[PDB]
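It is the complex with one fewer protein chain than it really has, and the rest are unchanged in position.
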Amino acid sequence: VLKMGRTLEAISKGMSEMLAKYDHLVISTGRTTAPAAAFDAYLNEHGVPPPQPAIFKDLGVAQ
Amino acid sequence: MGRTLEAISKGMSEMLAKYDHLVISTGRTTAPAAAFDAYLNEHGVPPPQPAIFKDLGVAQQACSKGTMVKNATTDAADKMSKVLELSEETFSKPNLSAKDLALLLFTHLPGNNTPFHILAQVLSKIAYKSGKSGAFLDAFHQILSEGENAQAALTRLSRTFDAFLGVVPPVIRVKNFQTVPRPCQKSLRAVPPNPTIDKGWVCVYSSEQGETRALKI
Amino acid sequence: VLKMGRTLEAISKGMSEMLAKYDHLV
Amino acid sequence: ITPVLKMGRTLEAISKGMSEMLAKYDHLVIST
Partner (left out) sequence: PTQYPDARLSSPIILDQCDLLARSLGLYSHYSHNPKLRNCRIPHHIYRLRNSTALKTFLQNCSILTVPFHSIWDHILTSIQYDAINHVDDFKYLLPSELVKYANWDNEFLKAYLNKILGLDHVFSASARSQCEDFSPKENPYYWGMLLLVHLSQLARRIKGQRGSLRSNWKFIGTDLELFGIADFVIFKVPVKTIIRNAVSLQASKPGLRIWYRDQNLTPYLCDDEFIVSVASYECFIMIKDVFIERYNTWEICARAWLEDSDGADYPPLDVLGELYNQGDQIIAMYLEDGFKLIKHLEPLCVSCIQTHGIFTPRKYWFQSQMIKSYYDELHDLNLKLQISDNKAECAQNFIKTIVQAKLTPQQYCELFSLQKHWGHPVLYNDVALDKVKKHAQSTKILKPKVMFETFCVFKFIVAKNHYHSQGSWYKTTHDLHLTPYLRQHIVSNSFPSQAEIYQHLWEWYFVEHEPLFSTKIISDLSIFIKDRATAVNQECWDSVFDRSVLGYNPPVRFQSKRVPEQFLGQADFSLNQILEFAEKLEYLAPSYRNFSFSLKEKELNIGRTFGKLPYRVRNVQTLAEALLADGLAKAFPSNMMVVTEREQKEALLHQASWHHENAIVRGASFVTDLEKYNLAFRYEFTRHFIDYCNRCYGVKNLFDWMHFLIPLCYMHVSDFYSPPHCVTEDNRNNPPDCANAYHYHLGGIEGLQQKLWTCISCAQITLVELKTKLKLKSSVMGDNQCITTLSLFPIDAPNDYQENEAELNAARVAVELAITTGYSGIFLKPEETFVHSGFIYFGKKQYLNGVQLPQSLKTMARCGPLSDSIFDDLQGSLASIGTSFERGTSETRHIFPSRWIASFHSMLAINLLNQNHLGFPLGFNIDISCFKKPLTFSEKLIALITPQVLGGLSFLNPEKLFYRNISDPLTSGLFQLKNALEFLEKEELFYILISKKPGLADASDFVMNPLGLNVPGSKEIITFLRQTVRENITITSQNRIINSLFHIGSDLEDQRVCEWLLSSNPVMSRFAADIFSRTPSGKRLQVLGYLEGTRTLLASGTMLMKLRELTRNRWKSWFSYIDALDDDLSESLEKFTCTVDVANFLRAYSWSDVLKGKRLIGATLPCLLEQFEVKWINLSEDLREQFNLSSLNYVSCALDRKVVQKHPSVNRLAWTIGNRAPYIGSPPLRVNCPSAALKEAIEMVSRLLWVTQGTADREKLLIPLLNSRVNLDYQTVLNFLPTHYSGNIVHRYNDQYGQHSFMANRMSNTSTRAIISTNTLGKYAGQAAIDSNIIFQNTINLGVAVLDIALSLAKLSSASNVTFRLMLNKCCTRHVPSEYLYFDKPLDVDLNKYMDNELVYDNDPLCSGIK
């Protein structure tokens, strides 16, 4: 029970910290998101990289 | 401990949902802190990958350590900061400089180079110096809405508006009295003892030879 | 109290999955 | 009846994952 009390007091603190931090977060966009998604989707469907994958190497995604 | 457990359960579910959404949105290519800092320091511009910041101000302060040079990320953050400054009493409120205000008043007047154009310049400059340009513009618009023209509006504002009580007219330097515009020549008079704007004296023209003429409207 | 245990196990499952997803990033 | 032993077990796992999230937040988020 005491171990449960200590674990609960740690968990609540962590949870409150995460929510308070999440209220203030902000992100910026990049140009590697959609090509990376397309690459992963193609490997998921077929198991091989899409034809003429050099452009994906140019974006630094094919890996 | 039912309450202290159920509260933790609901919040944990909420935290889980929010952070799962976050990780799915930027996943699998986001730049960690160390790589972001290394790339920025060595190249001078941030990587072409998404990044996560603690605050908007942190994004506003992301610059190379060696020299402070603006980069696309800082401009995006500064743009967003001007958006956050908005308030609902001043949404789309016109912000006008003295020159811009004079141009607007000119747009409302008929003719060209009449005495009222000079009056408009003087009033706009004086109002902008005292920080009362918005109230001046609103009073002008109100007099327009009552059904009058801009000339009567300007005269009534010269009489009654608070910012012009007991203000000496400014002094304008000219080569002679042939330099003054043609439509305003007929209105020139002799300088009164104590000229003031709320009594109808616009400005004072001082020639190269010490001769001073006061413009009366 | 059984409902509490079931909810906790579900939360742990989802947490495990989302930890795997975060492990992918770093 | 098994839920009782299983919470007692699973709160430790939840604490470990939560600790992991505090660890990962320090590397992902830029805070200089």
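Note that the chains are named A, B, C and D in the order they appear, and that numbering of residues resets to 1 at the start of each chain.
In this text, a residue touches a chain if its C-beta (ideal position, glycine included) is under 8 Å from a C-beta of that chain, and two chains touch if they have at least 3 such contacts.
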Contact residue for the chain not shown (choose from B:10, B:43, B:129 or B:175): B:10
Sole residue of B:73, B:121, B:124 or B:158 that reaches the chain not shown, by the stated touch rule: B:73
Touch list for chain C against the chain that is not drawn: 3, 6-7, 10-11, 14
Positions on chain A contacted by the hidden chain, ascending: 22-23, 25-31, 33-35, 37-38, 41-42, 45-46, 50-52, 55
Interface residues of chain B (partner: the chain not displayed): 10, 13-14, 17-18, 20-22, 24-26, 50, 56, 59, 72-73, 76-77, 79-80, 83-84, 86-89, 91-94, 96, 100, 103-104, 107-108, 110, 137-138, 141-142, 145
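In the analysis below, only the chains that are shown with their structure count from here on.
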Inter-chain centre distance, chain C versus chain D - centres from mean C-alpha coordinates, in Å: 9
Rounded Å distance between chain A and chain B, as computed from the means of their C-alpha atoms: 43
Interchain centroid distance [CA atoms averaged], chain A/chain C, Å: 16
Interface hub residues of chain B, defined as touching at least two other chains: 5, 12, 19, 28, 30, 32, 51-54
Complex interface listing, chain B residues touching chain D: 12, 19, 30, 32-34, 36-37, 51-54, 58, 61-62
Residues of chain A defined as touching chain D within the complex: 4, 7-8, 10-11, 14-15, 17-18, 21, 25
Interfacial residue positions of chain C with respect to chain D in the complex: 1-2, 4-6, 8-9, 11-12, 15-16, 19, 22, 25-26
